[PDB]
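As structure tokens, the structure follows; a few thoughts come after it.
Here the complex is missing a single protein chain, while all its other protein chains stay put.
The letters A, B, C, D, E and F name the chains in turn, as written, and every chain counts its residues from 1.
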């Protein structure tokens, strides 16, 4: 039982809102639909935020894992 | 269900997409094919800047390591 | 003496400081990690030069962004 | 089910292409061959800067990791 | 002659200097390392421009940030 | 019939080449050998800047990941 590895723990967020910070300072929010071991992700109803402003609505999007800094839980 | 990201990408073949690259370039076009490295081939592609078409390229091969995200966007 | 990734096991459930490429810093409790150095922290906070820029809660950090990991001190 | 990207690139062999590299740099030439890393060999290659030719290089081997995209040239 | 990573073993338990990409630098006692060059330092301190910016205690440094590793000096006395 | 890039490079052994690196450094010398990572050994190597020889290095080993492209020097 003693603690899931990080990529297994990530599965606990499937179908939940998440916050993704990317290299280069970009930030996105959306519902996590799937991921793989490279940390590539597919999000639904995604938006890109900038200085607290939604600067773009990305709909369903695939984010390439090597651009990611961190993934955290979003409002909800 | 829910396919892994690279399998789910198959559902976008023949759909219009928006590709954002590292370093800010953006491309819009119809996804024709892809592979495991995320290398992509788009038809009727154009490069954009600030919501502006700066170049019309037709069919282009995009190297996968340059990709930040692939979006299906909004109507 | 344990190899680096095995010694890190010593910090599970302990407060840590994660310094990233770009000067961003995270402080939180280490819950798990994997061989790529991907990490899960609980009660995490993000910092931009001593200033707590955000309270994340549980967060997954991609290992390729890490510069170092050191011992921190727990919150209240 | 169409060709994977690197298999489709084979249809441009002996044709004019535009190679965009990271850093606004760009090459034009006839595609002679390539490999799985996307390293390429171009004939009658010319390097460009802001639409203007900077150097005529002749045959050139370009390392794949420098590539942003490949498109066809109107040559 | 030993290969680089094998010769590094001779520096275990000795003070070293770790120069990183971007110029920071760490000084401390080398406790262990692995084949990716990740390493563990005891009594570590971070420096920038030669001035110590913080004392970290025991630290795990990810290897791909390393430029070089050399030996450190002991206190002037 | 169509030599892959790294096999074709072998045809430049012992001839003058020009190597452009990331960050715009440029070297010229006689290609002596190379490997699959594109690491190279050059004889009579010279570093160039702006267009002028800024350094004479003799025999040099260049690490492949720094390379942008390799082309033929002058006879």
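The working rule: a contact is a pair of C-beta atoms (placed from the backbone, for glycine too) under 8 Å apart; a residue touches a chain by one contact, two chains touch by 3 or more.
Asker: Touching the hidden chain in the full complex, which residues of subunit E are there? Just list them.
Answerer: Output for subunit E: 1-5, 7-8, 21, 37, 63-64, 66-71.
Asker: What subunit F residues would touch the chain not displayed?
Answerer: Touch set of subunit F with respect to the missing chain: 13, 21, 23, 25, 27, 32-35, 39-41, 45, 57-63, 65-66.
Note that in this section only the chains that are shown with their structure count from here on.
Asker: With centres defined as the mean C-alpha position, give me the subunit A-subunit E separation in Å.
Answerer: Taking the average C-alpha coordinate of subunit A and of subunit E, the gap between them is 34 Å.
Asker: Averaging only over C-alpha atoms, locate the centres of subunit A and subunit F and give their separation in whole Å.
Answerer: Centre separation, subunit A to subunit F: 43 Å.
Asker: Mind pulling the residue numbers of subunit B that touch at least two other chains?
Answerer: 65
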